[PDB]
Each structure stands twice: as structure tokens, then as C-alpha cells.
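> So you can see what is in the structure, the chains are spelled out below.
Number of protein chains: 2
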Amino acid sequence: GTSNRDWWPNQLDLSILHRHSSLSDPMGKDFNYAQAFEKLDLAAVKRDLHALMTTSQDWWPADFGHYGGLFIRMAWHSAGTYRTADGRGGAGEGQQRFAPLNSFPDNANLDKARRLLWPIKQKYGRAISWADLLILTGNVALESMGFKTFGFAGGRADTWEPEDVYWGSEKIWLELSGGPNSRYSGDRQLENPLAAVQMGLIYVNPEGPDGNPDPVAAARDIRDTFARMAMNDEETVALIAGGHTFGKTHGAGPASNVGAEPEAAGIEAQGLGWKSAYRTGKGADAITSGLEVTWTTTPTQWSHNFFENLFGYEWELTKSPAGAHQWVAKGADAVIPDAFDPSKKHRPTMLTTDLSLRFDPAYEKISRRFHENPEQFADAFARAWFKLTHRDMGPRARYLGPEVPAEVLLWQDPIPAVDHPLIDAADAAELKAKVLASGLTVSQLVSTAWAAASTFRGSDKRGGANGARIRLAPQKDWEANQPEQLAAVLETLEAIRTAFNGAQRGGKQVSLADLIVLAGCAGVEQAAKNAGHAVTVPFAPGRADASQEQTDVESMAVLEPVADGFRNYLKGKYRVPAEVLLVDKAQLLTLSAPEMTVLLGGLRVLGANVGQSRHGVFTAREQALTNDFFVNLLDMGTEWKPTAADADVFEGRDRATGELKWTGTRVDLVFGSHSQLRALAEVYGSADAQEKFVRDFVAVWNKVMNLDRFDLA
Amino acid sequence: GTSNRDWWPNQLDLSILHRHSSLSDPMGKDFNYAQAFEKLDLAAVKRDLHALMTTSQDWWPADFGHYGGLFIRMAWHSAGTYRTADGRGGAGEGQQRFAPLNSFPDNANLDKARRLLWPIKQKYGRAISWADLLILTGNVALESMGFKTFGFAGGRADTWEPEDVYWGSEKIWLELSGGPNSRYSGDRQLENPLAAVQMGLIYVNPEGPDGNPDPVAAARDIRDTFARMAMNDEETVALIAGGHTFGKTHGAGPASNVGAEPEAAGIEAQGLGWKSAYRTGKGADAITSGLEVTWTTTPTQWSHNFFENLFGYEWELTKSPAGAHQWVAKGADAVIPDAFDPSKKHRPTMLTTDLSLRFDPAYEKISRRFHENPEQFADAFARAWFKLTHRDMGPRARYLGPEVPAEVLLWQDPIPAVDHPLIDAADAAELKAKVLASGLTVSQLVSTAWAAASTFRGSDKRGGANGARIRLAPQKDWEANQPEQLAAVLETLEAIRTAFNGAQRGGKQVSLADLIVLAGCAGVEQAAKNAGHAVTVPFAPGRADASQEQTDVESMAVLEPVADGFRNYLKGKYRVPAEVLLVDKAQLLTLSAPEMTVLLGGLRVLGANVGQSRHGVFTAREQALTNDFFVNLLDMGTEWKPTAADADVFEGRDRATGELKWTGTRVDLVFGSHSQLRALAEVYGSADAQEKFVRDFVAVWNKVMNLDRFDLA
Ligand code: HEM
Ligand code: HEM
Ligand SMILES: NNC(=O)c1ccncc1
Ligand SMILES: [Cl-]
Ligand SMILES: [Cl-]
Ligand code: NA
Ligand code: NA
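Those sequence lines, one after another, are chains A and B.
Residues 36 to 748, numbered by the deposited numbering, are exactly what the first sequence covers, in order.
Residues 36 to 748, numbered by the deposited numbering, are exactly what the second sequence covers, in order.
With the rest of the complex left out, here is chain A:
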């Protein structure tokens, strides 16, 4: 079946924008998961999960009679695909149950873990999502084994198809670095947005970098990958030592005994994979990673035995029954229990990556403190396990149920509570009028509000205009935000805000976060009026202003737009074509192709470009909201050519006269090139489309203004 992808491999793919349609969703269009979950009897679900932990099924017998370690690993894998660079991956959509993650090598036998959970999923139905269930199950495993967790929030709605995530360019599972699609260059520099060392791994290779069992060098990979999953040294030590307090790895026999991953298995496997020909294929004979390590003397109970062993023995390199490198404490007594045979005992063992916690000098200091003070270890682990499993859930207003922690954490980009009456429709009209009377232009109002709102990304639900973080470090100095123009706009808006608030009774006041958005709305209103149309742009108050001290500057760095086609902005020269970056940004803002098209065409004529560029400003009435972008783009009287100076910039010349009419970028002209985008541009470029363009613009503008407004959900 020869496809468009086969014929035109470098044509833009828009299907990423049309995933998650109502058509693939089996739940009614009005189904609200938050309301279902809020009525779940969470305590009853947790009791059933508690019981499950020790109810072994013969098709996948529980190690030591307890599935707790398997489920912790399952819930760490669920969360562990997260990358800070784009916010993609993580636990928040239950993507572990779909391709390709369900079949990543690192997720081997998590298909069994998920299947164990079906009777509980089935019992509670739509009141608990798979996504929430995987995480809750990990918490319950922890709790059943004597570990007090930090809390749990529901609200991760299920999804119904694979996300399209860029996992890397390798064509071979687990390919070692330095291949033709190497994800490394330079001095072991991992390409953004990746956060793992090989295709099909969660973070690092447990044997060591490309299989070399050097704990020192492995620690560098750990540090780099975990940092790209938003974890610092302290959290990383706490997470790895915490998790490896439980359970065991599986490598009872040679790896070549293991069959097809789930997406390649026969239909009879019924969604399961990695069927093994080694002895019984399961339990005592299980093969999962090929390693055979059990870390502690009580693999079903919380302890501080991981660090007691790590520091209390000297380690020697050895091989599992599958031939993988691992470490044994040879001077030791056989104090580790066997998973199935009460009359066998084993010496303590470790992975190369476990020894990293001791032989990296910075990790060693933390691991020693944790060893000496296991109560500090427990607290750091609980906090980190909460952060790991909740990092992609977005603002605190999405957290549901009775176990949400009250403590506000800095990583959550917190927004203060509103404790005063909000502005009403009449107040909003007064403020818009005052904004327009101050002299701020359509261009400044639209640019500023776009800058504040468009940091939002739906991947991890970070960013957006709530908080007024555009006035704080680092957003106020981002190049895309035009720091000097921004500072002048904000200074004027702040004076309007102070005057309005100082004149109120009854405690009523407006936040700067709200006023920035409302000022953008005035700007769009004025632009429509400049074109002869009276429109009201909807506006929802209730944003609040976060302080600098409530804003982690370093974690905010990943939200900087280095490409924003909606402002014709590219921070430097990238290997990825600019139109590809445009579609990527549109996906992160949750826009369909039509929404992207209308939004860009309007922004262009409103003066939202960075630096006042003329590129794509195909209008003689800038700051009027018209469909000029599309009418002039599609005009066959204009002929386009790449410039000599820059092949990514184009001149549009009158085809008869040679006269220079416009210039544009690849982001501009793709709307007149790509056959699906041009079809869209034609709608908005048609003679009956002026009203539709204005209405659809205003609707998409409003959608972007409200992206982070889960307080109104």
C-alpha cells in the first residue's frame, strides 16, 4: 500500500494536529472525567489494589508472592518517558498502553502488570482512567510495603490513540550510539528534545553507557537524562535508591529465548508480548531485562537496606545468566531471599547504575547522607515520587480527590489564590477603553498578550498567561518577547491597573495577569473596528499574579520559544525546517490546522511579528483585522522567489512588472504551497469570508488566552 509519506517523505505532516478527535473517542462528547473521578470511592479502589498485591496469578506468578515491585516499575515507566524540552511523554495520558511505548524494550513484561489490573479497571469503569490507575497502583504498592507516600491526585483523562512523539531517528531497537542516526554528537551531547540514551530505553542503559560497565561514566548519563526529565541530583538519588529498595530484575536465561514484543506478537497473544521459551517462561524463569539482581534482604518491604548494602560491601563485576554485566558482593553471605524457593538464598547484587550512586563524587555525598539519615531518604523519595508522577499534570486546579497534598511546591509554577471580587463586564469595558486611550497600539497590545499566553503547552500543561510571569525573570528578557518594548507596555498597563484598583470599593481589584489579556482583547477589538467591524472579544477574569520567589527561573527556561512561527520568529538556524517548527508549536498550543491557519494570518496583519518584520505582512492596512494575508498570498498576479542573500526568505514580485510587493518566510509561504494548508487559506481568502475570518480569529484568540484556565473547567 504505497502512501503519500512514501512518495513525499519531507512534506509537512498535519495529521499530528487532528489526533484526539471525537471520532476515535468512545465516551460521549459531554463525558467529563473529573466529575466521574470525583465520585469514585477511591478508598475502595485502594483496598482492591492492596489485595491484588499478594494475589498471584499463575500466568505471571508474583515474585516473593508480592507484585509491589513490578507495579512500582510500571508506574515509574509510565512517568519516566517525560522530557522537559517539549513536555511530551510522562504518565498523564496513559500512553503506556498504546504503541509504541507498550512495546519499547524497557517496557518488557509491563504488559503483564497492566493485565493484572484489568479486573479492577473493569470493576470501576470510567470512574478511574488507566492513566490515573497506573499511578495509583504504584502508590498502593508503596503503601502496602510500609512506605508513606506524599499524596496522590486524580484527573489524568484517558486518551484513545497514540500520541506522535519524536523518540529519535534510530531504526533499530536499542541501537548503540555513533550509528548513522546517532542521537549523540560532540562530547556525548544528547540531541533535544530527547531524554534517553538509546531508542526504547526510559533513561539509561543499566549495564553502563553503550554497555560499558563503568559506574563513573554511567553516572554522567544518569545526571544528564534525569536533568532532562526535570530531576536534580538529590531527586535522582532518592528516586533510583527508593525504587531499587523493592523487587528484583529478571534474567534467568539467554535473551534469545524471548519472542516478539506486543505490537509484533500474534493475534492469539491478546495484546501480551515477550513470550519466553526459557523453561516455564515466567516466575522463577522470567526474563525481562536480562539482568538478575535483587537489591535487598526484604524486597517486599520498605527499608534502608539498599544503601546499607551499597556502602557495606565491595563490589565485583560478574554476568547474569543472560550474559549482561552486573555486580555481586562476593565477600558476602547469602542473605538475599529467592523469589520462589524458600530454601535458596543469594549474595547481594547491584547494577552498574546503582554503583553510580556511590562512585560519582556528587552522588556519593547525597547517598551517604541518605544512608546515615534514612528518614531524609524517605521524605526525599516521597517528594520526588510525587513530582515524577505528577510533573505533567499541569496547574494545581486539575488535581482531584481526597489525597492531594496541601503543600504547594515550587516545581508546580504555583499561582496564588484569589481572595477578592473579580471585575465584571462593565469594568472590563472601562479598562479596555482606558487601555486604548493610553496610546498603546494594536501591535503592542496583541504582541504582549500573545507573548504571555502562548508559552502554554498541552504536552505537560505548563505555561500560559496565568501568573503574569511575563513580567518576571526569565520571560521578561526572552528575545522573542522584545524585552525593551515589553517593559514599556508593562509599565503603562501597571499604571492603568494601579489607578483602577485605587479607585475601587468593596475589595475589587484586577490582576496584572488579567489586564495583560484584557488589553490584548482591546487591541483585537480595535483592529476589528479599524476594518469596519464591531466585535466584542470574550474575556474571563480570575488570573492571579505569581511572585519572582514563586518562580523557578531555571525550570522556566524550557518554555522559551526559540521558534514561534506565529510571530515569524526563529532564534537561530536549525536543521528542522521552519514550517515543521510551526506545526510543532501549533500542536503544543492544541490548535487544529484551521485554527493555526486563521490565527497566523490574523497575527500577521495585526503587527505581532518580532522586530516589526514585514515578512508575511501582506496588507496595506496593518493593525486592521482583515483577511488580507490570505487574499494577497493566493493572488496569482504575484510571483515568488528565494532571495540571493537568504534562501529561507522570498520576494513576491508583480508577475507583469517585476515590482517588489512583499517579502515572506517559509512559515508565510507554506500556506500557499502545501496542498492542505492552501485549501484552508482559500476558505479565508474567498470573497464571502470577511465575517468568518473575523469570527474564527476571535474564537482562536480567545482559546489561546484561556489555555491554562483550568480554574474555569
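In case anyone wonders, no lab produced these hints; they're calculated from the structure.
Built from N, CA and C at the ideal position, the CB exists for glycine as well.
Treat the hints with care, as some may be off.
Computed footprint of chain A on chain B, listed as stretches where at least three residues anywhere in the stretch have a Cβ under 8 Å from a Cβ of chain A [stated by the list, open to error]:
1. 53 to 65
2. 319 to 326
3. 350 to 360
4. 471 to 483
5. 707 to 720
Only pairs whose alpha carbons sit at most 25 Å apart, straight line, appear in this in silico BS3-like list of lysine-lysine [said to hold, decoys possible]:
6. B:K676 <-> A:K727
7. A:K738 <-> A:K511
8. A:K81 <-> A:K156
9. A:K64 <-> B:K727
10. B:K74 <-> A:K64
11. A:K564 <-> A:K727
12. B:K676 <-> A:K310
13. A:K727 <-> B:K74
Listing some non-contacts, in silico: residues in chain B with all C-beta distances to chain A over 10 Å [to be verified]:
14. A78
15. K379
16. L445
17. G537
18. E595
19. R649
20. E674
Once you have looked at the hints, place chain B with the ligands on chain A.
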């Protein structure tokens, strides 16, 4: 960017069911194209098109000063991708403007034709679709050149993305037969569902079969491809000779001068392709097919000159300036005008495929009759041009505007007008009660109504329950329809109908078509009641009964379900896996993944399987409407294995006891295998889903019952 496709090429792709979502569509969810078109001033559009004909643009100068031949070819390419095997392709969705058809080699320079039409599209906007516009423009070209058409209907709504059509497996454009992905086997047998000889062609190669200039062998390709586009010999001769009464071919220079097709061109080409380095690259220097043939002495006027030339000369094989095989008239004078130079004249020329009309013995008789009786030629061509350009539009009720021909044609599968009062809700209750009192079972009622309704396909809008064609040849004899059981159900329904009709006043009567569907509804009602649910199934009256003489038996053959997963039916052993055929069927029935899932699971427990097979009947209460299919399918206490006798049949055994619990086919078990389908099955197999399953079932059942009900649009 390594994808799921790359990793698992034999994992079922469901995205074909979720195309044409509201997300990719720029028009509102309420936009109704029929209503927009009904207000278009069609006369004014036609005036503008007449003016266009001779308004030459410098970027693609009009041959002979008239774009008429270019536009006829454009409109015959639009319609010419149609295949009767699945109803896919054709003009009815305006797919020529998207990939891959916009870049098929056979559509070279039709990108210019469509660009000439942009000013008119733009002027009238949403009130005329591109899809309608391409065909209208062809009609107007014909009329401008002195040929009176048979009529025109609007109502082809635009689409907004590529359809996923199987065009063949070749990975090289135009690949000749016998390659690794050959579309031919045996004695030049073209694989279904294909209706062209090479990848990127409309029907046949104009040089001859695989480029061999044998007009006799070409005629065999012509006959076979045109038959697979629903045209007989008479229509085929009329169409080819009719079209080649106008215009010319383009091959002024070597084909190596021609650059990238539109989907491969640079962004600056703004959606156009095949830019040529030969001289001016256009007009007198145009290169399109590589052939250089002008058929008649008046290429811009209707004439009888095609047949005069074809019979009046003897032909000699020669080469165009591009090197293609073509034919020139022996000894003739230079009587053909040049397209640009009034002082140049040319000898009559022909394609190998034109000579087929003379040297194939059956075509020769028709061509001679057309030569001797030009009025029969003109009438046959008008009729065939109307059929070509409307064959995929569906029932007459979809035909809009003031030029619809009143004459009813056999190919339209016509349905008689209803000329009597319809049954009301009280009559429907009475009839359902009589149906249930007759002794017909849930299984018989559901199977019969499924059989009648599910012949519909949305690709060309043929089939469905309107007409009661299930009682006529050939449907009554189709194996999937269980001819003997069917005859007994119809016999009982026919008696109920006659008794009801005989007791009425005022001329009220019920059609057998309606009663079949109503009886299916009663069956579903009874099944819900067997499971303790009180369900009323919607029913819309108004179908009529078509006669045998209104039902072309041969044209009806392509609607025979040779695979119907909804009845666990496969007529023979196919190279395409059965689950792939299931998704294909779902696509033709216009169902989403959720709808397909719910529908199949219900039909299984209602007894809709062909031959009473137990396969997939995972219930101990057959003929009760429950979600048993899903609950049993997902039960991990059962293990599945392919049978020894047949690898496509599976046994599900109790994992503890080894006892046989069920059997199932690939179609059954794919729901427990594929990770997206299993996610859907889990919703319906959950403890809170019994009522949701019943309601969703009824909704999809009713959707299938109404698929052809364009009289209710
Ligand atoms: C450097 C990071 C890490 C690496 C390289 C790593 C590696 C592995 C490997 C190879 C296995 C064995 C899989 C098998 O053969 O069954 C495993 C098991 C496990 N890991 Fe990790 N791990 C990492 C971090 C984590 C974290 C952060 C957690 C949780 C907080 C976690 C919890 C576990 C648990 C509970 C198991 C036991 C599975 C069972 O009992 O079946 N690990 N780990
Ligand atoms: C056996 C079937 C056919 C073959 C192999 C065929 C082949 C071709 C080829 C190769 C061209 C030249 C393209 C170019 O170089 O610009 C052409 C032109 C054309 N054909 Fe056909 N054709 C077929 C049937 C039809 C039919 C059914 C129609 C209309 C009813 C049609 C109408 C036209 C017209 C009007 C042109 C002239 C285009 C112009 O003036 O630019 N043809 N044909
Ligand atoms: N490829 N096109 C089709 O199969 C189709 C189009 C519209 N409705 C149903 C099927
Ligand atoms: Cl994702
Ligand atoms: Cl199609
Ligand atoms: Na994410
Ligand atoms: Na079709």
C-alpha cells in the same frame, strides 16, 4: 522521525476511520453545503466560466486561444480515478486538489487548470465547492465549444484532506508491469480493486500496453479499465472519441526538461509543479504527456472530424519530439491548425489508444456506426459524459440545482417516488408487533435487516436498504445473504405487508423496503427486552421498492460482500488479512472505530453470523442484547490458540482446566489484540457499561439503517 508504521508495518491502521473529522474541516460543524449551493446563482458562475475560456493568462497560455480542451481533460481526470470495485476515487470529493492525485503524472499541468479557476472559486466562495466546480467547468468548456451537455447536478461537498485509497503497491511512478509489486498476474489480470494499468495513470498508457504501440492489445487494456470504471463498449468509444474531438496533447521537447511534481516542488512554486526548462516552458513549448498529437481540424469546436480522420487515413508509427510512440496519417496534407502560429499546419495524428477504436473488432463496429450516424455519437457521448461525471454521486435525491436531467437512468440504481401517505408511529408499533407474532426470531430479523442496509458504501453512495433490492437478483442469491433463510424471512414479511396494506384507508401503504428495516428494529427491541432493557429503536419511514428492471444485475455485482466481518463472513481465502478487510468495510459504511467496535460486538450476540457460526458468539444468551462479547473476550481466565486444522480460527480454553469455552476468527480476536481496539473493547466490557453498550448499539444500528436516506437530508 521513526514512526509506528516504520516499526510495525503489519499493525492495522485505524486512522482511515478517523479522517474527515471536524478538526481538519475549516467550515462550521453546522455548515451545510447543499444549502449554500442551492442559493448560488449558477447562471452567473457559468457566465464567468464562459468568459474564462478565452481569457489567456501568460503563465499558461491557452492553446488556440481557448482553455476548453484543457478543462475537459481536467474534468475527465477528476472523474476518471473512479473504480467500481470499491467506489473509491472519482470526482465527487474534489480529491484532485490533494495528494497524491494532484501530483499523479497523468495529472501533469492540471495544476495550471485548477489555478486558472481560483478567481472564480474565490468570487463565489463556499457556495460552490471545488468538486462541483471542476465538473461544471468541463461542462462549460463543452458548451462553449458547441456541444450541448445532458445536464449537471451540484452537491459534491468539498473534503479537506487526502482520502486513503489503495492505488497499488509500486514504489516507482509509472512502473511497467512484472516488477516486484506488479499489479498484474496471470494472463494480464489486473488486481482488484485497481482500475488503471500503471501507478499514476487514470486508465491506460497512451503509447500502448507497457509502452508497446499495439492498438489491438491497447484495446484490451481500455476495455478492462473502463469496465472497472463502470463503462461498457459503447460508452467507452463515445467518451474517448468525444473527448479527443477537442484540444491537443503536449510534447514539444524531451521529458527530462520537466521538473518536480507539485508535492515535491519548492515552496516558491506555490502549489504548482512540472516546471519545464524547454524553451518558454509553456504554450507552444508545453510538455505534459510527451506526446504531440492534435486530432481535428477545429480543436476548439465540436465536429465529426475525429471519426473522419480515424477511418479516412492509414496510420504510420512515428515519434513525438519527446520520443513517445504516436501515429501520423500516411500521405495526408497539413490540414490541422497549430495552437500558436497561424502560418503553421500539421498532418493528422493519433494515439495508439485512438487507433484501438478502429482496430479492435468490437470497437470498430461502434466507431463505424458513430461515423455514419454522428447524431447517435453526440447523444451517446452526452449520456456518457453525464454518467462519467456523476457515477459517484449517489441517489438522485443528492442532485442539486436547475440543470438536473429529469430522465432517470438505469445506472443511478433508481428508486420510485413515494406517492402515498407513510406509516405513522402507531402503524410502526402495530407492524413490529405483527413481525414478532409471526415467529421470526431475533437472529432472522437482525440478519435480514443487516443484509439489506449494509450494502451501502460511502465512497460512491451506492447500496443500502432503500429499494428493497435484497429481494431481487442478484442480492437475493448472494451467499453472505443466506439465500434460503432470506427467502423464508421475505416470504413472511411480504405476507405481513400485504395484509397491512389491504386493511388501509386513504391509500396508506408500507413498502417492503421499510418493513424489512422496521422488522430489524423489532428484532433489536426484542433482544434488548430479552436482556431486561426497555428500548425503543428509532425508525424513519419513506423507503420505496425498486423493480428488477430498475436494478442492473451486473452493476450490482460489485456490491456483493465477499468479506463482512460484521457477519464473520469471508467468501474465500484472500491475500489481505481479514481484520484489514473489516476496517475497509467499516470505512465504506462510514463508521468510526468506536462504532465498528460496538456494532460488531452486538451483532455477534444477536445471531447475525453467516451460517449460525459460533465463532465470536461469546455469550450463553444468544439473541439477548448485552455486552457479553466484550466481557468474555477480555477475560484473562481464557487462553487463545490457533487451531491445527486452520491458523485463522482460534480456540479459547480455560487456563486452569483446559476446557474449551469458545472459538473465534481473526476478526473476533483482533479486538483483544490491537492496542487501540482493545482500549475500546475495555470501555464496553466494563461493569458500568451495560446501558452505554445498549444505547451506543442502537445509535449505530440506526445510523446503518439510514445510510442511504438522502431523501431525509
Ligand atoms: C538509572 C535509572 C534506572 C535504571 C537504569 C533502572 C533499571 C532497572 C532495570 C534494568 C530493572 C529490571 C527490569 C527487569 O528485568 O524485570 C529495574 C527494576 C526496577 N526498577 Fe529500576 N531503574 C532505574 C530507576 C528507577 C526508578 C527511578 C524507580 C522507581 C522510583 C525504579 C524502580 C524499579 C523497580 C521497583 C524495579 C523492580 C521490578 C520488579 O520487581 O519486577 N527504577 N530497574
Ligand atoms: C483510453 C482513454 C484515454 C487515453 C489513453 C487518453 C490520453 C490522453 C493524453 C495522453 C492526452 C494528452 C495530455 C497532454 O499531453 O496534455 C489527452 C488529452 C485529452 N484527452 Fe484524453 N485520453 C483518454 C480518454 C479521454 C476521455 C474519456 C476524455 C473526455 C471525455 C478525454 C479528453 C481529453 C482532452 C480534452 C484532452 C486535451 C487536453 C488539452 O487540450 O490540453 N480523453 N488524452
Ligand atoms: N475513500 N473514500 C471512501 O471510502 C468514503 C468516502 C466517504 N464516505 C465513506 C467512504
Ligand atoms: Cl505524549
Ligand atoms: Cl476517494
Ligand atoms: Na506530556
Ligand atoms: Na468515490
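> Give a verdict on every hint.
Right, here's what the structure says about each hint:
With a threshold of 8 Å between beta carbons, the proposed coverage of the segment 53 to 65 of chain B by chain A holds, since 8 of its residues qualify and at least three are required. Judged by the Cβ-Cβ criterion of 8 Å, the segment 319 to 326 of chain B is not covered by chain A as claimed, because only 0 of its residues qualify and three are needed. Under a criterion of three residues with beta carbons nearer than 8 Å to beta carbons of chain A, the stated coverage of the segment 350 to 360 of chain B fails, only 0 such residues being counted. Here the segment 471 to 483 of chain B counts 0 residues with a CB under 8 Å from a CB of chain A, which misses the bar of 3, and the coverage is violated.
Under the rule that three or more residues need a Cβ within less than 8 Å of chain A, the assignment of the segment 707 to 720 of chain B holds, with 12 such residues. The hinted pair formed by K676 of chain B and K727 of chain A fails the criterion: a straight-line CA distance of about 57 Å is larger than 25 Å. Taken as a hint, the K738 of chain A and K511 of chain A pair is honoured in the structure, with Cα atoms around 23 Å apart against an allowance of 25 Å. Between the alpha carbons of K81 of chain A and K156 of chain A the distance comes to roughly 12 Å, so the proposed pair stays at or under 25 Å and holds.
This hinted pair checks out: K64 of chain A and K727 of chain B have alpha carbons roughly 13 Å apart, not beyond 25 Å. For a cut-off of 25 Å, the pair hint linking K74 of chain B to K64 of chain A is broken: about 32 Å separates their Cα positions. Of the pairs offered as hints, the one joining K564 of chain A and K727 of chain A holds, with about 15 Å between alpha carbons and a cut-off of 25 Å not exceeded. Between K676 of chain B and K310 of chain A, the direct Cα distance comes to roughly 14 Å. Compliance with the 25 Å bound is thereby established for this hinted pair.
Restraint check for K727 of chain A and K74 of chain B: satisfied, since their Cα atoms lie roughly 18 Å apart, inside the 25 Å limit. Listed as outside the interface, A78 of chain B is consistent with that label: its C-beta sits roughly 18 Å from the nearest C-beta of chain A, beyond the 10 Å cut-off. In this structure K379 of chain B is separated from chain A by more than 10 Å, as the shortest Cβ-Cβ distance comes to about 28 Å. Against the 10 Å criterion, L445 of chain B stays outside the reach of chain A, whose nearest CB is about 34 Å from its own CB.
Its beta-carbon lying about 44 Å from the closest one in chain A, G537 of chain B satisfies the requirement of being farther than 10 Å from that chain. The beta carbon of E595 of chain B sits about 23 Å from the closest Cβ of chain A, which is more than 10 Å, so the claim that it is off the interface holds. The non-interface label for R649 of chain B is consistent with chain A: the shortest C-beta to C-beta separation is roughly 18 Å, beyond 10 Å. With a closest Cβ-Cβ approach of about 8 Å to chain A, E674 of chain B is found to fall inside the 10 Å limit, against its non-interface label.
In this structure, the hints that do not hold are numbers 2, 3, 4, 6, 10 and 20, in rising order.
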